[PDB]
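One chain comes next, on its own, written as structure tokens: the form deposited without the named molecule.
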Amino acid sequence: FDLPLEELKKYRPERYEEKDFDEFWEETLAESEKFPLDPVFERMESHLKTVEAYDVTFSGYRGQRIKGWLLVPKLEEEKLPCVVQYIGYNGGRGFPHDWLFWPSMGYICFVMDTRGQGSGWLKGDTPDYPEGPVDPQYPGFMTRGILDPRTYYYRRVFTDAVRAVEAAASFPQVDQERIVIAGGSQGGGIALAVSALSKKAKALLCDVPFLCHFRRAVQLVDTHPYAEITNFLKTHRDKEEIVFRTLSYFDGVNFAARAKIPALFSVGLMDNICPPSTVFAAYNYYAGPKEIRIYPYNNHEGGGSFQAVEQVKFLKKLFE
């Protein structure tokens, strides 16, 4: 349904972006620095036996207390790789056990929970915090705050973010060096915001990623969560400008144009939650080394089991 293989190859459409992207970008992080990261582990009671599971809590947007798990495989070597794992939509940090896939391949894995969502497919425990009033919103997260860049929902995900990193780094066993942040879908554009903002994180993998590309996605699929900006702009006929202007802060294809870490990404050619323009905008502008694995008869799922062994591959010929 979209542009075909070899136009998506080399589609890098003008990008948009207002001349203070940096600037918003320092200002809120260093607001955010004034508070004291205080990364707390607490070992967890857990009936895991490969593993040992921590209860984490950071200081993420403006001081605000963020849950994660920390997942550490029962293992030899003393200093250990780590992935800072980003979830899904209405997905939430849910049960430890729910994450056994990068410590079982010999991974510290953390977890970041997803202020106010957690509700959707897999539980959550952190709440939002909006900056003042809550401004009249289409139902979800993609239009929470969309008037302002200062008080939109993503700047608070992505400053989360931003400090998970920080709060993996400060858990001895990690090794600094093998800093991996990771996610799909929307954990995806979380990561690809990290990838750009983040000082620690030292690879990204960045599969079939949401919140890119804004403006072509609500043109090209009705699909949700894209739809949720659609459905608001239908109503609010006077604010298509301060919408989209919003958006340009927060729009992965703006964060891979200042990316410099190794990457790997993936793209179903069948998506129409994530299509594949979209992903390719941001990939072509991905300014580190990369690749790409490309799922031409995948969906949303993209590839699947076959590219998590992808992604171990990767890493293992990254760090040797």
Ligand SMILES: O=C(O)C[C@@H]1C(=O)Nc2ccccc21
Second form
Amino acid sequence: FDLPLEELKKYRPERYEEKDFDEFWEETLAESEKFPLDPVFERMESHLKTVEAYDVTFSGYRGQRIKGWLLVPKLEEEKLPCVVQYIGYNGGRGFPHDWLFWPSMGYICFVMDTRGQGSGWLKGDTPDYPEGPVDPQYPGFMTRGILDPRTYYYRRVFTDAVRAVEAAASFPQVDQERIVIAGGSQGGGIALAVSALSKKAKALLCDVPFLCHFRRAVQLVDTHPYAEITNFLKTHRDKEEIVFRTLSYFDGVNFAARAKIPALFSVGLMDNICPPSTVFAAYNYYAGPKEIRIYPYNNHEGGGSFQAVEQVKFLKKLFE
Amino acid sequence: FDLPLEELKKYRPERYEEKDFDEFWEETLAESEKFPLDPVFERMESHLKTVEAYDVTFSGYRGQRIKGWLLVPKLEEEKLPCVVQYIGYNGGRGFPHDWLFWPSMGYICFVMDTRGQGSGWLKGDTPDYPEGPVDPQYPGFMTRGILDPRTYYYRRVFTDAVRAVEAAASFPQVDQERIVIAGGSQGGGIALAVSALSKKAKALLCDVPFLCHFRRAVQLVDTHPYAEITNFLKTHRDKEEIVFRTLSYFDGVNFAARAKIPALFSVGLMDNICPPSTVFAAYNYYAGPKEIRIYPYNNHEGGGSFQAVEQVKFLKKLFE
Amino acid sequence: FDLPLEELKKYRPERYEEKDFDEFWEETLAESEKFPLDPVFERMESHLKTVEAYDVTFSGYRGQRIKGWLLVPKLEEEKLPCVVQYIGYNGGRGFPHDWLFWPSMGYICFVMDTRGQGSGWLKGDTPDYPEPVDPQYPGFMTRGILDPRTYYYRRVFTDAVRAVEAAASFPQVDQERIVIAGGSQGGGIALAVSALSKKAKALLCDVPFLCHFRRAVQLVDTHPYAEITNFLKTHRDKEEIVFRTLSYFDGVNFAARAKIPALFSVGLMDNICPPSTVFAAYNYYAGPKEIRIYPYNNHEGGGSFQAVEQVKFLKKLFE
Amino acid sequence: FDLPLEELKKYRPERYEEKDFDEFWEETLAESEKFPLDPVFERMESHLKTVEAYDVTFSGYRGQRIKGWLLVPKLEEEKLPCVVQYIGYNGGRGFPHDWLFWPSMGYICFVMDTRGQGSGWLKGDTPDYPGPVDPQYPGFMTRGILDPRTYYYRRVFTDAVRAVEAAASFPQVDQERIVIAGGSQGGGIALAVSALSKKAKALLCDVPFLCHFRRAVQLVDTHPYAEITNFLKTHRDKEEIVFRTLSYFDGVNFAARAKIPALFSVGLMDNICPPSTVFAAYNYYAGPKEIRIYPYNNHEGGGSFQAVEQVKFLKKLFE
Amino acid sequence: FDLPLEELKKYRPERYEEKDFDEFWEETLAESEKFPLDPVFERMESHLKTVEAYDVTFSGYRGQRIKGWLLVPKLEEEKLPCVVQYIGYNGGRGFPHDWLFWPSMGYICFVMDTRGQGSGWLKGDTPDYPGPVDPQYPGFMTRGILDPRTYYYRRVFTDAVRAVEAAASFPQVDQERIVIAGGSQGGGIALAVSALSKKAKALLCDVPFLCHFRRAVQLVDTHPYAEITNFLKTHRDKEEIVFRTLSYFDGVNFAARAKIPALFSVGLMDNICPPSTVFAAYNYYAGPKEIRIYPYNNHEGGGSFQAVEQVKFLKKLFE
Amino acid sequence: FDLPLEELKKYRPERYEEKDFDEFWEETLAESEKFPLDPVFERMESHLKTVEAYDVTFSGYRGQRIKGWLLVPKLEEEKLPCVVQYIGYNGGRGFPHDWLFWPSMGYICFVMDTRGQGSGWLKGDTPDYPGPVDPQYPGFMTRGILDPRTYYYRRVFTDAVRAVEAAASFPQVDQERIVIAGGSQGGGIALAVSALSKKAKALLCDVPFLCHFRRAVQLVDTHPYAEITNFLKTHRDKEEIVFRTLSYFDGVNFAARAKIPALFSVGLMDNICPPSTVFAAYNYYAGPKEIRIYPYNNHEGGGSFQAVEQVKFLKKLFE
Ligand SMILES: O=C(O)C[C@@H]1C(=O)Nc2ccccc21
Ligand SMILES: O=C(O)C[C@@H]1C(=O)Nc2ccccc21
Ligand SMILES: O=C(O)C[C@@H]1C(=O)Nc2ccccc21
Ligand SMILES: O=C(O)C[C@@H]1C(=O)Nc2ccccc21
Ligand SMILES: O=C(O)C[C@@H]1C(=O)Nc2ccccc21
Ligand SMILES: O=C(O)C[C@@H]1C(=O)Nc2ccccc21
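And the form solved in complex with the named molecule, for comparison with the form deposited without the named molecule?
The complete assembly is shown below, putting the previous chain first.
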């Protein structure tokens, strides 16, 4: 349904961002750095036998306390590499046993809970906090605070996500040389922002990323969650310019252009949640060393368990 | 798809409410009455010629400033009857010209904007304000603050709505003894709440009501917006009892049981958004003088323009 | 899903029409004009308080008696501007209270009931009368389609022309300020009247239907355009005749003849009336014109926002 | 989705008809018999080799001229049994070769075209003739529904009775072995003819439509029964008048009067013609009768399996 | 939804086949020729009166016994032309009375049952006989797809070549007028036979399936092509193996080799067999050829209109 | 959409099985046990660090070689309890890392690959081995359904009984602490194993499929149950035969014979495995049992909540 692959590979749409993109993010991170990180780990009673699981609490956007899980495989290694895992839309940190892949592969896994979501396919425990009034919005998170980048939901998520990397680095068994940032769909869009904004992340795993190239996304598909923005615009007919202005500060394409760490991307050519031209726009602008795995017959599931093996091999080759 | 009509007409399921239902509502309304109502009626340059439209502002839940419209038909009579109109889900106050029916029929019309919504089919101008943290929720309004009645979204909307009647009553040209409360679907549910909670309403028009008999609604249909609650529960599998205890304080069946003012209901027997059994549970418990117009072949549109004429005739008879 | 906006704005494709288009319509109107208009306005008992409602009857196609409403706002004015309102597919005149917008804005509103429809979303009271009723697919789009002389829209468009003469006959109507308006089917009817009427002074044309039929069926499989496609799936031998008939009714061909000022609207995600069909008509429209473009709306177009634009537009025009 | 089979078999709900049901039909048929039948059989140049095909024209309702095909298998016998075939909703007579089953089984087949339809899945050549064509929902189900004298099926069912007279006029037809047959709309028409024709000798009634309307619209939201629901959703003041009209055309009411031997079929998962509507009709049917029950089939019913059952049923019936 | 027609007419994509395409088919066919054909025609008791029906069995792929019907019109001519009919996806030979068209037009019809299918819209009676039956997606499209030697259509296409020899062996068949025919799956089978058989005289290829697989799975998400997509969505490591296997069975590669006169049909709105897949095959077809193009039709194609075109085409070819 | 919870808890429909049910299974398992099990475990080079992964091969139905995974957590305890895991419809054994749950909780996990499937959502490596593969609807539900001796699940259920013996042969498995587990198709397979094998200590049976087939096809039209309905729609003469065969594989009949303690789960909104089908099995389940009821869940059931419940249930059992 989207551009053919030869064209996708060359797709570099003209970017749109405001003159103060970097200032906005510098100011955002400085204001939240005023609150102590205060990373707290507490060992959890669980039935897990090959992993030690910890409850995590750390200060994200403006000192607000975000939950997570830390999963440490029980191995002979002194320091271990770490994957910081960001979660898809409507998900949250779930149970420790929802995240066994990375620890089973010998990586500590830091799972960041997603403020105010956690109700659509995996439970969450962390609330959101608005900057004052909660404006008229379409159901969901995509238009929550959208009339101002200062009030916009993902300002708070992305800042949480940057602070999560610091929280993971605070656990002493984490090898700070081998902290990886990872996610699919919303988790991939979050990881992309972090790849530009964190100075602690060493590598990026970005699958079927959401939050990329919003302007094109709403022209290409009518699926959720991108349709929340379309549906908001269908009603608020006078707000096009302001909505896209706000979104430009959170667009993965604009972060990709600033990001310098090694990355492995994946895309499903039949994905109609995250259309391939949106994924390719981000990939093509990504300024670090990069590869992409392309799945021509997959929808939003992308490479699934095959991609998971690709990630393990990529990281092994990168860190050796 | 629902019970046959002969059974709908007798359907009076055991009600479920907590022992402190009334006290919850007394304390809520009392806390909000500590702020001055401070109703403002500012003439809005519209292009209307047979109606004068005022931009309304008034203090609803916890003094929060709620928007509305006040439309006055161009008639001499020093005191006119008044319809206070509440709005369907994802709607908001829109433009003054969106509400010309009741003014054209000789009634002043007070249209209350809906906090936080106004983004699905008609625009709105009024924000919500949470009680502190914005808990994990499913997209929309149905599960916003659902883990505690003190935090639940409809606490705030219902309080706004009671206060809206007071605001309408403040307008010098409104006949304080001919104040009707009205709405369809979400608007119907809010009106039904108001019909129990306000001391100032003279009659109820309650069309295809939503927010009624939640526990059964979600068994019968999988449509939105009731599906937001199902979908929350599909994830938060441990929260059934808490969710339904919270919803009990906002259930139109429990309000119907307390309401004493005359009412005209309507129902579409093929309505799969507000199932017939949910509307009939509310209607059958409704404690005031009452009549119901039944539309056997209609879905959620109910009686449409036909029902509007039934309303005009009902009020004329009542007020003679 | 259709051409990008930069291409829609330049989209002026080769028009298809027969050499006798104007003669067809001159002969149609002249034949119907032999019957007296006989416009009848019967004041009616109503619950309305700010508006006076009249039941209307007038002679449309071949003297057939078409219903309407006339809604007159109660204002201290010896003459008032007037909007002649045409109705969307499967609708009809409904109740007087269904049409309160234009009277509330200070316009007399003449609502024309639509022959034979009135059964999908708003009730109607006017029958159709055929020229035999040929084999057709369910609906109105293919009724009489094998010959322009028998086609359903010959009758509707005649009715609609006659409606404006009927409105002009009400004494309080300001004949310098008669507006023709409609959305979707209403807008396709309005485009035809904008070419054919001797009485209309402005056009409001929203998300128009009955435009560029040959391209519409290639772009969408929605109804009501799909009635045409489904007819042709069965009558495999009738492609050329069907498009020949439709060319006499195509809003793109009317637009090219129309001279009055116009305000259009279009939803770029409208899959009932695709944007390239709407832009074909708008771009060929020969009078002074403007268009409001709603990039995120489907067939609802600009909704209540566009209603505000209309009132502003007519106020400027007529001041 | 409907009643379980044990209950369907006992389902014999209270019938609804007006006091003048028989009078309505007697006068309808009397009036149409005033016009000469004038059945015209024109040998049609054909590529067919085992069958002789004829173009048929005959006088149906009020003398209106209806098309058909006559297909005669090339056999030695002087007189042949005959199946009068009625056609499903949105179909028409199509081509001669569309109807080869019955001829191949040694039966002359008279295929009646369906007035005004012919545009959904197979083409047709016969027009309808109404005077005013009232507001209606798209299609045939609500055409003229506010009065049984104007209703579309009054004309179809008359045409269908006249068809049997026309088939019987063909010299090679054995008038002792005239079968009336159809599926869905075809079946509902055949059910009416089983009560109204004095010439039909046996009925093949598959997955019948036009039965138990009031219950059909409560059970399913499919077309074409949904045309009726959608008309009532708009004309909310007309529920009584619509069902009164429909009572004169209801297969259940015809079934109670029909005397000829019949073979029915039903699909238990058919959501076009719900099984309760079909069993209501079957259970009231007053002639010698059998029903083939296909529990896993939708509207296709027994398909080719049923065709074999019909052949066997008629062989045994006719000795 | 596909290429516009002017581009379809010129669509001649680079073909993909392995170096050993012809050798694979020569060895396949030589191996199956080592088993005796042993055509068996058992005359059946039938209700049919204009046609003689035979129960057919013959040896297809590797001596496996395949069912069929032979329908002989009762005609004075002692040698008759013959159409060997292949059946659409999920069908099978059904009953003899399912196949009356060609015998009514004076052709012997040999209907080939389809191994292992017969369970979706018409029953069948013939099993498949594979070795191990590899992991597969539900259906026939992926059965044995990891190796052309194990692939399901190797066996169907061999059956189909053998069916033409079985038809030829019936004494009343005129071996100079054997036609091979099908639609959709039947048309892809017929197209393979048009390249592989030395006995067929003409090809009727309607809306052909089993063409240009690589592109089909990009254009549509419908079944049955979506079985291939779904297999690849799971077996993410097997893209190259899958399309290599499929290249031995692609109608486009057979069309390039076929020499006999052909009449194709295509529906421009067919989203089961997309127009670009059909035209790729049609444009490579190396024999004398024509195509009937149905711009408004989906997968039904020309339906009964095309059946007429077929009968005319063969009459002209053979006279 | 199904019975209310109060009725589901009381739903014990009359069972249907043939008089030779036990004999059929006795002979089936005896014939397969004549071939050596020959379990082979090969340590796999793996990226996994907390788990030792082994490629498994073993003899299932009639010596046929079935793949699997053996996942051993790296722990001190020399003899570990073991969960034998059966896979959902269209799945297969996938990668070792797809099955980390049970090993992470301290259990050796034996994952049985599913013959012939492995192509819908997780890839598989094991073929099926039928002679003739009868006419069937796409998928596995109707493969060999005309005889219980040839039916697909005869083979799978035998494989699954043999998997328990193959897990028991691994030296680090505590052969006295083996559990059988599955969701949907995996739950139906585990249920059969709960009746057929004497080795298992406990059953984990989530949203079970393969239960109460006769009722399943009346209640939902979803796949995979709809493959059966679809087969019956065409093979209209095979209802009795199809249900007789299925009675030998019906989870409700195996439940009646199972004695080991069980934890079931059910989604009350599951329209793949309807609640009445799951309750019919659960209600007839003869051993100590409990059911987790998820009223707001569809076929996902309890998901990770249910997994926690399983870990607790086994912990109590093996203390
Ligand atoms: O894609 C994600 O970010 C998670 C999840 C998912 O994977 N698909 C989808 C679609 C709509 C809403 C939420 C979801
Ligand atoms: O029903 C309402 O309260 C308003 C509106 C409506 O009329 N139906 C519907 C369905 C889903 C969301 C919103 C709506
Ligand atoms: O578009 C119209 O003319 C009215 C109405 C409408 O607004 N959409 C639609 C689609 C199908 C039939 C009728 C309609
Ligand atoms: O059922 C019929 O009478 C004919 C045909 C048919 O077989 N099904 C169906 C459904 C809607 C419209 C028309 C049809
Ligand atoms: O197209 C065919 O070969 C037959 C039949 C058909 O006509 N369409 C279709 C689609 C899916 C499966 C089977 C079919
Ligand atoms: O339910 C299963 O056994 C697995 C999988 C599933 O979870 N749902 C579903 C539906 C159709 C085919 C296969 C499946």
